[PDB]
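Before any questions on how it binds or moves, here is one chain, the form deposited in one PDB entry, in structure tokens.
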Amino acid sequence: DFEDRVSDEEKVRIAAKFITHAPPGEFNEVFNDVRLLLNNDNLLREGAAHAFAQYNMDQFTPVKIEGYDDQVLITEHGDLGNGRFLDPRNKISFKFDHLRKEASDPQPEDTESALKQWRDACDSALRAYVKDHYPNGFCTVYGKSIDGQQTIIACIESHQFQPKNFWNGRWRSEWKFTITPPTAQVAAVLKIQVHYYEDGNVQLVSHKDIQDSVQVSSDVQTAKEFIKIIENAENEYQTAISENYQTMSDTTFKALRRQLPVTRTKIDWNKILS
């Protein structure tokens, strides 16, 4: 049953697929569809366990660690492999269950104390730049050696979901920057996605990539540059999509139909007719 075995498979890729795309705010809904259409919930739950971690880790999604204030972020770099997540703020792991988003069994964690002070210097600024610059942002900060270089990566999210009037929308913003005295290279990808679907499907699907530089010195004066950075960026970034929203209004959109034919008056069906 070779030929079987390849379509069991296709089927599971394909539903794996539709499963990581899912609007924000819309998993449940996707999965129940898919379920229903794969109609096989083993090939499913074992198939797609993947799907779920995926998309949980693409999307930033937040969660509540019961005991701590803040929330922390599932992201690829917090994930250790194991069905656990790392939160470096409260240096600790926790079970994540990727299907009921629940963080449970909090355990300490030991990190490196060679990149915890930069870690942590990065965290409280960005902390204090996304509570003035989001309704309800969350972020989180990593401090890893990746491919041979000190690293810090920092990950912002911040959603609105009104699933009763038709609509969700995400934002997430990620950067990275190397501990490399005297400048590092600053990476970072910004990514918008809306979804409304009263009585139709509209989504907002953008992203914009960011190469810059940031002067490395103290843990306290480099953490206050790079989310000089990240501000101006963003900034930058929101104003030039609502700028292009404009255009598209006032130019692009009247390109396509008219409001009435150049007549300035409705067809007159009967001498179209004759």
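Numbering follows the first chain given and starts at 1. If you superpose the two forms and keep the largest set of C-alpha atoms that fall within 1.5 Å, you have the rigid core. Compared with the form deposited in another entry:
- Following superposition on the rigid core between the two forms, the residue from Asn32, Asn42, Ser249, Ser242 with a C-alpha displacement of 2 angstroms or more is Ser249, and no other.
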The other form holds:
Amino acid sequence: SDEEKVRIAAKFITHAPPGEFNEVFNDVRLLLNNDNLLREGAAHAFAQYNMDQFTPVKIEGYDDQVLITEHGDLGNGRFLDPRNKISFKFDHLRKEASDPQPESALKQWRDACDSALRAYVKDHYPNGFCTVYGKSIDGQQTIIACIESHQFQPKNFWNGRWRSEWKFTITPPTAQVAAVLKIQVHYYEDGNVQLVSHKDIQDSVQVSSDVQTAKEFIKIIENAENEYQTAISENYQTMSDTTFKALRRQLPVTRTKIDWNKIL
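To test you: the structure above is the form deposited in one PDB entry. What is the structure of the form deposited in another entry?
Below you will find a single chain and nothing else.
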């Protein structure tokens, strides 16, 4: 009932909606009422939350924000900005970057994909950021493209965030595609409503040169994300006309409101 008291605090913190980590952490801290066990118990919950959320951080001296992901985790509190070829310490609590330090067989494909993804995210997301890794996973060269986009409007009582992660396992002349897309929205003006959605994608495509393939990777990503976003909007209509109705109708089958006298 002491370890478990901090286990509950970690779970609460990792389930904070996007753009609401501060308010949730305030609540968790005031309720546990001892920052000692919280620190040595909920340290991992801060790192887990940031890497799960694709948290974007601005690094002084560099224009393009970088995402905090598990793929950039170098261990020992440092993360990698593969675009700017730097590592840096990241304070998961403060959400601040510091100590930038300079940092190859996948350099060509990573830069090509990075350049193509950055043009896509710029033209197709409002305030989007993206980070592209190139690493050898179990002896197989892998490109991992990560996209994040969020709108935080507490003054209107809502926040939203898009995350997508595209893993391309390059085994020429083919590549295996593993992708997950995620949307989370919270609107709480005189109420409380949350949308949580995710979509898993698995497929294979053809590859050729580094530049031509990166253009085709971005085309596959654009179409697959268009299809996901469009399908979600259409599904609102379906959930509002059908799934909701299957729980409670808007009107009875006779399409007339109830005659309470006849019942009585």
